[PDB]
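Here we start with a single chain on its own, the form deposited in one PDB entry, put down as structure tokens.
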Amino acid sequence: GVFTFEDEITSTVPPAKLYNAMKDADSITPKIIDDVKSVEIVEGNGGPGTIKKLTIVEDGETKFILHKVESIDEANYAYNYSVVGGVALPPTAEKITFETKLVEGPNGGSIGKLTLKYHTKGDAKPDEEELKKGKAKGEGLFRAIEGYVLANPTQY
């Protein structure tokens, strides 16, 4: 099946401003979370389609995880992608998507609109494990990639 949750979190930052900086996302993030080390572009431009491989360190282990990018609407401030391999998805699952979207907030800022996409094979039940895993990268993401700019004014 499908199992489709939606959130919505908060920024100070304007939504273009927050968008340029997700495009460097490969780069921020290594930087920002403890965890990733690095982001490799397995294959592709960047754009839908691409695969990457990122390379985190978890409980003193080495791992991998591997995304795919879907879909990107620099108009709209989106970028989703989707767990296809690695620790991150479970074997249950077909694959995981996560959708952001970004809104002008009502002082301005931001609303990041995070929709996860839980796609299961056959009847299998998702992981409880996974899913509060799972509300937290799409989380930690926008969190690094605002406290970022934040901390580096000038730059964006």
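Positions refer to the first chain, counted from 1. Each form is matched to the other, and the largest set of C-alpha atoms that superpose within 1.5 Å is called the rigid core. Compared with the form deposited in another entry:
Once the rigid core is used as the reference frame, the Cα position of residue 128 differs between the two forms by 2 Å or more.
What I would like now is the form deposited in another entry, since the data block earlier showed the form deposited in one PDB entry; can you produce it?
The following holds one chain only.
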């Protein structure tokens, strides 16, 4: 079944810049996250439905994570993707979706909503430790991208 979790977040970066940076995560992520070595497209043009393979290092071991691009709403500053395979996917989960949606915040920044949707296999529910890890993945990426934009303000 489906279990949704939402976190509100803020940034001093305006939402157009963050949104462009999020759209370039394939490029940015390997540079700024040490453990991410590469992002490769398996099928698609980059837009919704595209399947990607991330190569990472975990505990000194090379591993893969599979992503699927879900949605892109430019108008609403929205970028959505799912984990569909690999170590970031718990065995009790079919998939975990990570949505990010931004609006204008006071004084030129952004107000964010990060959403995790866990599609479970059975009636089984996400446990607490797995929710922690999902939130850390979701927010960690958002903050990483944010940090890149704070360091390269003219780029986006």
